[PDB]
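One chain comes next, on its own, written out as structure tokens in the form solved without the ligand.
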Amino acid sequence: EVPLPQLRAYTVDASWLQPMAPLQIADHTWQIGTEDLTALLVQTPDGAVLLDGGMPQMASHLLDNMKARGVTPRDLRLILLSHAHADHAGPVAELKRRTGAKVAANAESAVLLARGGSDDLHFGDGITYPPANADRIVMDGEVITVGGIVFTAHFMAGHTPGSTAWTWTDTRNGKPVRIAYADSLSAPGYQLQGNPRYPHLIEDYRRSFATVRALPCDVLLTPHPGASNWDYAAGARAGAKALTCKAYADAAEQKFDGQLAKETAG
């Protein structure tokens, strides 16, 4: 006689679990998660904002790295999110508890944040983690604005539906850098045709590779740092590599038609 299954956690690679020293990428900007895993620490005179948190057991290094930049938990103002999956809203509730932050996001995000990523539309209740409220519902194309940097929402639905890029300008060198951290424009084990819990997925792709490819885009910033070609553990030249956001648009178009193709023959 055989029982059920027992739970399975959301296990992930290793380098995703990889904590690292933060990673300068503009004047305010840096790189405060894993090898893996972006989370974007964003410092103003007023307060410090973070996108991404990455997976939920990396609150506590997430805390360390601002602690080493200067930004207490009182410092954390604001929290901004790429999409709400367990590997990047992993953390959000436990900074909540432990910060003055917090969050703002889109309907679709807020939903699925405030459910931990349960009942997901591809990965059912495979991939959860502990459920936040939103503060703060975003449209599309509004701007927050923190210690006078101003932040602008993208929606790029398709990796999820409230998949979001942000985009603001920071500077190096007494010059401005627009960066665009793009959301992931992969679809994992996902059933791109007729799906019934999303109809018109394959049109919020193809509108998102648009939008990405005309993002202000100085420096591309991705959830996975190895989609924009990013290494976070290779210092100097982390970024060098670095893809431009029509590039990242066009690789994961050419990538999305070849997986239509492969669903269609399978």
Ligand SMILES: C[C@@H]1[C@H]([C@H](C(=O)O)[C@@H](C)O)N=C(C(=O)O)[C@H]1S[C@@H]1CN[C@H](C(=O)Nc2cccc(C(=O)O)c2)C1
Second form
4 protein chains.
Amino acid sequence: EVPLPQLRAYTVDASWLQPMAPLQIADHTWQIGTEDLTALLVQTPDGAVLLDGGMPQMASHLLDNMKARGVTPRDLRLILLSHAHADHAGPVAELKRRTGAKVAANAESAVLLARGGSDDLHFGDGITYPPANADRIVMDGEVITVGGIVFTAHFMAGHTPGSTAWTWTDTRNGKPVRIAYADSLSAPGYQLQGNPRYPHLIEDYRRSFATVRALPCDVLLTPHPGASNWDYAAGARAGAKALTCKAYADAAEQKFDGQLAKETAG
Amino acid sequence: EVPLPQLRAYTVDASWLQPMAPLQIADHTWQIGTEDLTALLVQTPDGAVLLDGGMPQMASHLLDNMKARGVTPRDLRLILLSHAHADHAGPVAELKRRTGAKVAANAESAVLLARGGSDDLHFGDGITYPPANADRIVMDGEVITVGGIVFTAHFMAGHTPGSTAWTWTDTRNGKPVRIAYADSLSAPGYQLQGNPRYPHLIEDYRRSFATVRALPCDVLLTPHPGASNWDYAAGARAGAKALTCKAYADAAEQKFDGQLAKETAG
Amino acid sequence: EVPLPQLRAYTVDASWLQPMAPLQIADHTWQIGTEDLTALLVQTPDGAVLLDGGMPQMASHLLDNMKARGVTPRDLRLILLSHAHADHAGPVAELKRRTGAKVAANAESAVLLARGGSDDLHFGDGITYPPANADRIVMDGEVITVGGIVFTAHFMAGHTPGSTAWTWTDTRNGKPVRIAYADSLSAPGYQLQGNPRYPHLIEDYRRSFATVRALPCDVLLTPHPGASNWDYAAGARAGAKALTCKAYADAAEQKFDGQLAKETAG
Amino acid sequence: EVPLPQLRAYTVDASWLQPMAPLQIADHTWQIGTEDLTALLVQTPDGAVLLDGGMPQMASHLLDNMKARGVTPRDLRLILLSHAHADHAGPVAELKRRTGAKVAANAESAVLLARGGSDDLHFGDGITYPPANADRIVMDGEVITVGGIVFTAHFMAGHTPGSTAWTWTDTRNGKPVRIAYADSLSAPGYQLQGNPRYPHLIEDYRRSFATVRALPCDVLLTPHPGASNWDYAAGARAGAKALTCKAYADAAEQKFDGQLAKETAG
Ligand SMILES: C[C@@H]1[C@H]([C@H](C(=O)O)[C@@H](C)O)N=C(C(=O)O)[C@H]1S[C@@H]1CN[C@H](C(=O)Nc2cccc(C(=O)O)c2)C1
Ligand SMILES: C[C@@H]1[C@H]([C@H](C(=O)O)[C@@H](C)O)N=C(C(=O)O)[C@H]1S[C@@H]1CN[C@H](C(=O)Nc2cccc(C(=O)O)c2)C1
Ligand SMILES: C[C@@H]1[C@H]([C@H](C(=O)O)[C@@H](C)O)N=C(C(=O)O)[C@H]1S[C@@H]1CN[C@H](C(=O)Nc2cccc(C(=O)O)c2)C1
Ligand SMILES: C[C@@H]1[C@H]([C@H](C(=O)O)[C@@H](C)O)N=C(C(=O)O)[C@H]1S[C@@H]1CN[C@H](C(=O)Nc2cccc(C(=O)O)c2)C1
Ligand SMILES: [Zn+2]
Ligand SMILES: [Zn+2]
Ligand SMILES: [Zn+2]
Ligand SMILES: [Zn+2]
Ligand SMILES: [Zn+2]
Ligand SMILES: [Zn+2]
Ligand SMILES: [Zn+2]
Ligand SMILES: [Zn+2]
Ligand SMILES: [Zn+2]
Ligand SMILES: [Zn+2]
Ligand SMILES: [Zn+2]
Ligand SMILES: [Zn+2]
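Now that the form solved without the ligand has been shown, please provide the structure of the form solved in complex with the ligand.
Zooming out: every chain and molecule, the one shown earlier first.
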């Protein structure tokens, strides 16, 4: 009669998979992912840090861009994550096998990473990737220091329980630049109200909007560059139109309120 | 010359290890641990639930008390935890091997349980126990239903990041009894202010005092019975002097404020 | 220019995904998977055992067939595996979440299962599935007893390091039937000689042919029924043409020797 | 009445905990553990390798000896293990947190390491330590290359399922020296015959004696130096009386045969 359906691959817009050369954000901070997925390399005298890696198939491209920047596999010391979905943490397991890197994450992100995104609160097993283990668990507001660049974790639960903003201070034209890599604030297809798998979902998003609004934030970056109005293909003007953290949080809250109203009506 | 020190066993007051026969709390709820460590058995037509197990060496005693209650190893379906320290989650791994039980816990408790209490935020590796894996991850306010007894998780971070209160409604003398198993609110030897491993420790405790104060709570129980003024050796009056959740939270907050003042002075 | 390739779903022949009603093998043993993937249910008075589950998307179908047999989710006690590839262990994680079942496996299978088939010795990350944890680790020749049905593990490394044959004795028409569920002995696209990830691959296959040849084996079943000449769609004659364990081992060794010769020539 | 017993710490002879300064074995190989527990540091231009760490409380001493040798925490790249018992893998988790090191191990050792030595086939939970995760799984005969020093794994199951000998070639006085770090071949208090948790124990030991006998072995070292007649406190003559691999294997087999005979008589 009728067989069960074939497994469906997690397919994405081509621009999410379009390689780009490294794009400099500040003196030691570079975008090294694809046109439409952020993966940030921060280079110190004491090794390099990667914040996100994008999709599972991006590992070799990331390593090629690291090499172009002078970062060998032994020089990658630390991987940090915005959240542990397949389009941001996809290549983490492979990167750990191929480099010196260790992963630091909060408990919620660590648990999701260790199950490869399976049993997701909203997606089930629809979007999985190779599992990886965290080497260090961080708490809210904890700092991690690499070569005198201090990264601070700001938990902003909602998009996932373990969603995190990472902040650090780099320099540009001699002057300090407070960089905020704020996680996604979307809720794509989520049941927001009365969700048995996430009962306090709405309260957590509301707190997260407030957290993002208050981040130290001369420059905002986001896992999907379009969410913060970055255009990584625009060269010297890639960041010209970027939102402030305040504007990003307000836009996300307006969208969220509209989604709540539509859910009540549906 | 001088060898490194021998490993130090986690030794406890004898009353924490003193077996007791099952003590009935409500129609389907029993204390089955030791004189000074709580381990609650809730019996349903659809299997039994255990909330905490005490110290690592308590597994056989727990199984003996379960048998006395008519609960065979196959009948134990679920283990819930207040927090994943050795004196409350100690025998979980062994219980999983010897029974049908699966563990449900929040992400923070799951991560700590899976490392057997090692790399504790405050105790380091001083207090470890056999590691165990969680089978289900719960979110704040999520319910788990076993035989029509509905258990609700109320996160109350502080004592550990993953500290949880569990509430359910049983009956006694025909009437509903709202039981609150509230976690520890102590901070034994903790650095409270400016702790790099737990930057928001104070805010989390303060929120947790408020959470405990508001629990549905006709009867309060706690992992250390003395914290809620239970005396499990007092028979028909074991619960007579028990605190309300409001009184427990107020006493814990007063103690916490005193500890903060002493830390500033030290 | 040219984006990175999209992820490729693990797609299989339709017959591997074609549901079938339960097919009785012996008094307490049933095939409950699909036309072309084995999943064996053994029913005891003390709960049920499942040997393999097939593809990830088969979980609900398996539970439906279990219900048809009188096995509720609480009644499934144990899951055993031939090997931890996606087409045999695919739905294990989901089955553990939805039933009482615990997994017993050898260390090699447990490690591969816990990474969801990622970093496979031969397939890399090409064929992954939701990760799961084993609850009990077994050694070669160890027995597991459920309701007086004794299952014996016979390690037969090669297809995977952790490949296992499981044997047990059921009855049929009053008489004992020694059932052998022997794992795959294929090496699909494998580098056999001088493989740096599996240096003793050839010796292990040769030992495994000998192990299979000697199993107690009135009835042979295999994860892919065609490998043992079963036809699960043939009804009362589904097993009529089945190979002996001796014939299965000889055919596998002949094929393996041909593959070695072709590898030397390529 | 009578409380349950207190947990018993894993206590050892003082010499196992007696720190020593680094002792040179060959041009790039040093003993850096204690008088009576081996922990080998191999120094390359491309980072350092540690084979075993001894007891849990040895981590800081190991790091101090690494510093004395010019190896900073970032320079430690790889940890290899003989077997995953507390007196050899004890400080692995802590070393991973404090250095750049990643662990490579076979599946059996990885599973035991990840449960911190709990549920041991012979010791139960009597001898546990902080759990750690392996970063790479190795197969029998696989090589790992660090700075042109090639380490080969030779599985020698028995003492634990995952027991491994590691071999490599260093130099001394200009000439190549084939170093064999062979695991323990003891069976302390083990049930050897008919052990349900290890049915093929005897066959595995017998194969392991043969494996050790045949290792490339100009210099033999063992996790307990006394097993190979090393005296790490004897300075320039520490290795003078060391056994060959052939002599070590023969002595272990003679002892094993005596233990079998005594078990039959008991
Ligand atoms: C579903 C996405 C995907 C998944 C995840 O991570 O959850 C992942 C598992 O696949 N990652 C997401 C995230 O926030 O990280 C979500 S959100 C994504 C970003 N941006 C797209 C978009 O919908 N753009 C749009 C459409 C119409 C008008 C306008 C305008 O210009 O106003 C913009 C969609
Ligand atoms: C250190 C304890 C131990 C550890 C843990 O879990 O962290 C575990 C790892 O060991 N579990 C604790 C917890 O809260 O769960 C802490 S707190 C414990 C309970 N009650 C004791 C107590 O100090 N009593 C006392 C003393 C003087 C006067 C009075 C009075 O009557 O006012 C009372 C101490
Ligand atoms: C690649 C398969 C798949 C993977 C795995 O598990 O490794 C999984 C990850 O996808 N599972 C396999 C296994 O042995 O478990 C391998 S082998 C499969 C069975 N049977 C097919 C077959 O090739 N049949 C054939 C063709 C021509 C003539 C004749 C004849 O009649 O002689 C038969 C192929
Ligand atoms: C129990 C030990 C301990 C445990 C382990 O790892 O399993 C660990 C968990 O604690 N590690 C061991 C191992 O082989 O790795 C075993 S064996 C240890 C070495 N050497 C001692 C010895 O008994 N010596 C002796 C006595 C009398 C005469 C003579 C003579 O000179 O002939 C020698 C004992
Ligand atoms: Zn600079
Ligand atoms: Zn996402
Ligand atoms: Zn995304
Ligand atoms: Zn009742
Ligand atoms: Zn505690
Ligand atoms: Zn306690
Ligand atoms: Zn019958
Ligand atoms: Zn396979
Ligand atoms: Zn297959
Ligand atoms: Zn040299
Ligand atoms: Zn040992
Ligand atoms: Zn030892």
